[PDB]
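We begin with a single chain expressed as structure tokens, specifically the form deposited in one PDB entry.
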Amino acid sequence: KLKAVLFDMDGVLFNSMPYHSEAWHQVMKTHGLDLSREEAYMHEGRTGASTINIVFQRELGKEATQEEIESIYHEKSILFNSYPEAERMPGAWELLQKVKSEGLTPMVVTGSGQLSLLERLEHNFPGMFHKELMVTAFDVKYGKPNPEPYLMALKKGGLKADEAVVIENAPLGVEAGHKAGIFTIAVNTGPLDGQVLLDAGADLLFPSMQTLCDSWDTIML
């Protein structure tokens, strides 16, 4: 019997990945470094530091310094913020209402550490989440694909792994939920092949958030 539902924020609650992928691609290009929009989708869920390091290690044969990480990340963040603000993923508010009406605790698990997440989550999904029942960059040392953030979600909610379900759209996020020993539902909201989500260890796979919403009662039976 389930108690909690653990949502990723990017690509699950907000339709932000076109923006995250473009900004990552463009900022790398500005620095003479090659990160494709597709590879940015492959790295969804990673910390900015980790993403920057991976490109530096492959292209430059070394790690980025902390000041280079912070510089490039701030530049990516400025660019991401220059775009008209990201909107709700279709089906998210509807699934959240279903989950809540069934007595389940909605939770957010995200590697973002921005304050206005609180405001933006609350404005888009009013009454759904509680800031204390949420995992952010203020908590994440390692981040996806390490199961750390989902394990910290379990801890914060006082949950056993078999009392939760993970809703994820990205393979590093699926892998994180899976390697935490939590039942993981993949929603293929991006441009990647469904196989990549199943290969990462998803127990179920749906084509979209709305189809997950439509199917929720049936899979919970």
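Positions refer to the first chain, counted from 1. Take the two forms, find the largest set of C-alpha atoms that superpose within 1.5 Å, and that set is the rigid core. First, how it differs from the form deposited in another entry.
- Measuring CA movement between these two forms with the rigid core aligned, the set 124, 97, 71, 114 has one residue at 2 Å or more: 114.
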Contents of the next structure:
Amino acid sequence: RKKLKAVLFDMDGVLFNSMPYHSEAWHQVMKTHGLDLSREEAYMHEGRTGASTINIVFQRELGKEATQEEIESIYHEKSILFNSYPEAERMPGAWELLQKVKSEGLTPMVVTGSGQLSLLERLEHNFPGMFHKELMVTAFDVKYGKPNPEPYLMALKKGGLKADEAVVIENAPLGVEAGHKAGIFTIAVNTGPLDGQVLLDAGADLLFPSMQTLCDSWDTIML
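If the structure you just shared is the form deposited in one PDB entry, then what does the corresponding form deposited in another entry look like?
The following holds one chain only.
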């Protein structure tokens, strides 16, 4: 596009291959509490904040919301379990795509409702020189999280951008929904186990099978 200034990347399943760990950790911590959240459902709910994920389960199974102390207790258990796995590595193609974006004079940004500190603290070491602190959105900015467009709208505000000056790179239907409802052109990369139809149904303007094929295709789609 001719108007493009910024590329807004989600983190889990776009920059880091972290979803096998998040899905396993959510499934196991819920099971420890006698609550049912399958690994597949964890993928379906990918994009929600920790508080929202916990509340989905509490609301359907226990008929109430979690209290804040329950949210914090369960999230801390989930985070400990996530961190017990060998640390998540970069999605293949992410670094190469970021280099391309930057070389073209575009501003990369990260937009996530993650509170998984061990990942956030590794962004610079994994993608050196790509991201600016003042141009990032994390759990420490967000009140609602995806699928609310709030995090992407916050990224636009931080960047001094209009929606038509950005592209979102997302991999999960709730994350695509947030980008789309922010009015931003959204590219889905199907890096999980779900059908690509769910990404398109959520509003993705393009769909690719992987970050590496997006990288391979980037110059063509931006022409």
